[PDB]
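A.B. asks: Here are the chains, one letter per residue:
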Amino acid sequence: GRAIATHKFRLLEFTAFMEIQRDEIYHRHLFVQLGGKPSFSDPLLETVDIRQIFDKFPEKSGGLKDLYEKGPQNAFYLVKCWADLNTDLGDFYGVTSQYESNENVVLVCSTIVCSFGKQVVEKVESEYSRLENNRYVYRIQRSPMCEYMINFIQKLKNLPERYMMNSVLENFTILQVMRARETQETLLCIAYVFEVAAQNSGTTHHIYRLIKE
Amino acid sequence: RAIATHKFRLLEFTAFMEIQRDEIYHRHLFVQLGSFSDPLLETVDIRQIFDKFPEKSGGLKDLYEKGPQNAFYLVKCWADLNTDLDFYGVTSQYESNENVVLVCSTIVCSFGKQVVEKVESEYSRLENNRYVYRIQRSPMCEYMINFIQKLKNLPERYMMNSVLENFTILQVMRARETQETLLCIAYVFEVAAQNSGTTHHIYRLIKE
Amino acid sequence: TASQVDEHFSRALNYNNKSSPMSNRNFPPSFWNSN
Amino acid sequence: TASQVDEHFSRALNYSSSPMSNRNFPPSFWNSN
Ligand SMILES: CCCCCCCCCCCCCC(=O)O
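Chains as they are written, first to last, in the deposited numbering: chain A, 222 to 310, 317 to 440; chain B, 223 to 256, 260 to 310, 318 to 440; chain D, 298 to 315, 321 to 337; chain C, 298 to 312, 320 to 337.
Simulated from the structure, these hints should not be mistaken for lab results.
The beta-carbon is built from N, C-alpha and C at its ideal position, and this holds for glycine as well.
Honestly, I wouldn't trust all of these hints.
As the list claims (entries may be wrong) - Once the Cα atoms are required to be at most 27 Å apart in a straight line, the calculated DSSO-like pairs of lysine-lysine come out as: (1) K382/B with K382/A; (2) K382/B with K315/D; (3) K291/B with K229/B; (4) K345/B with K382/A; (5) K291/A with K382/B; (6) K291/B with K281/A; (7) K384/A with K229/B.
As the list claims (entries may be wrong) - Simulated restraints, written as ranges between beta carbons of each label pair: (8) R308/D with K281/B: 12 to 22 Å; (9) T308/B with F319/A: 41 to 51 Å; (10) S336/C with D309/A: 14 to 24 Å; (11) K384/B with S307/C: 44 to 54 Å; (12) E245/B with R327/D: 45 to 55 Å; (13) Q381/A with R357/B: 19 to 29 Å; (14) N335/D with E409/B: 41 to 51 Å; (15) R272/B with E304/C: 50 to 60 Å; (16) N295/A with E304/C: 15 to 25 Å.
All chains, please: the whole structure from these sequences, using the hints.
C.D. replies: Written out as structure tokens, the structure reads:
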């Protein structure tokens with residue numbers, strides 16, 4: 222246990238960003254970035270009790286508790302992000324996702340944006356693999372962020388205090404659920420919780436295994 | 223139920239719940255939609274339903290004006306709420329004569345305001361000289377599950393129809409690359425009679 | 298959440314007695335008869 | 298929608321859910337570094 226992966230499916234990349242053109246010069250500000258490079262230089266994962274985050278995600282049928290109990294439980298992860306909001310504000320807000328699968332599945336990637344544990348918008352993408360170096364790789368590159376997210380980020384920067392940004396982000400979560408179309412099995416599930424990075428720092432995160440001890 | 227244009231058609235739309243009792247599955251259909262020979266559909270003036278859906282930019286009026294106008298439909302549903310309320321979901325199937333990437337946006341509206349949205353993208357498979365898009369067992373949002381359980385527990389059956397009076401669902405199917413509207417279905421609802429299953433009527437929307 | 302569904306129900310039912323109804327709009331007779 | 302973003306900021310800034325600081329998380333959860 223060292224990465225967001227099972228024995229047969231792994232996250233290769235998750236990057237949230239905004240592209241900015243100014244004086245005919247383009248630059249990309251990274252709000253959040255998770256890599257997936259697998260090596261001996263990766264520390265072992267800490268665990269978090271999933272019962273502590275149930276009220277921040279959808280509940281009832283198909284919610285987090287139900288998906289976790291259906292399992293496999295080792296496919297469940299919690300990511301605590303320090304989103305980098307140290308950027309001025317024509318701009319493009321996008322996301323890039325990349326995955327690797329041992330089997331040639333049709334990958335159904337669901338992303339739910341939550342406010343106070345309730346879904347606001349769910350984006351579902353059903354991707355096919357590409358053979359890259361004999362591996363089944365799935366990419367959803369520079370996919371547009373929905374208007375809700377764009378407005379949310381823009382409004383966070385209006386807050387005069389970082390404590391207000393953190394109170395507002397305390398009830399803002401994203402739940403990712405990756406499924407194989409044919410079996411409908413959960414391949415991977417990532418819950419995201421947020422805080423704002425310090426003004427002198429870029430984005431940082433911690434990955435936790437979700438356990439129900 | 224043939225909801226079809228010159229190039230795109232809805233083959234199936236089933237909202238249902240599944241339960242596992244004594245290791246045996248049981249399914250109940252709340253709504254079910256879905260032949261190359263049908264009589265002419267009845268028409269409905271789109272102006273009669275504008276106030277039940279968002280009216281801002283990209284709203285139903287703006288979408289209809291942009292067209293094609295042969296892609297706008299109104300579905301009146303008698304939802305079957307007679308069951309002992318585990319999975320809640322939607323299975324849908326679509327057919328195209330051109331292999332575009334399907335992007336289906338579904339919004340739930342309360343008094344003409346969006347409460348929740350789902351956006352789903354699907355690629356086609358050529359099957360028997362037609363391109364097929366399938367969205368099997370798409371999990372229902374918590375709002376809808378909560379809404380259905382609260383609706384069936386109302387003490388008076390007339391109240392179920394009063395609550396459904398300003399509850400609507402708008403679906404906009406688009407071709408990803410061109411952003412062309414392939415189909416747009418506005419949904420309005422009533423509760424089916426106790427001894428009956430789900431029924432529905434389909435209307436072509438026109439600017440009367 | 299339950300509260301968001303509750304707000305719709307509360308506004309629609311108007312228990313405490315705090321736009322044309324669908325029944326009075328221009329729809330074909332089939333719109334009101336399931337059969 | 299924009300109105301839903303505003304609804305979120307109003308509820309969040311209105312200072320039945322325990323604060324995250326009062327839940328059981330390891331000390332790394334509170335340390336960006
Ligand atoms: C409220 C009773 C009548 C409506 C019941 C069936 C509605 C069709 C399914 C709606 C699904 C919306 C999208 C989603 O929740 O993922």
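A.B. asks: Taking the numbered hints from earlier one at a time, note which ones the structure violates and give those numbers from smallest to largest.
C.D. replies: 1, 6, 7, 11, 13, 15 and 16
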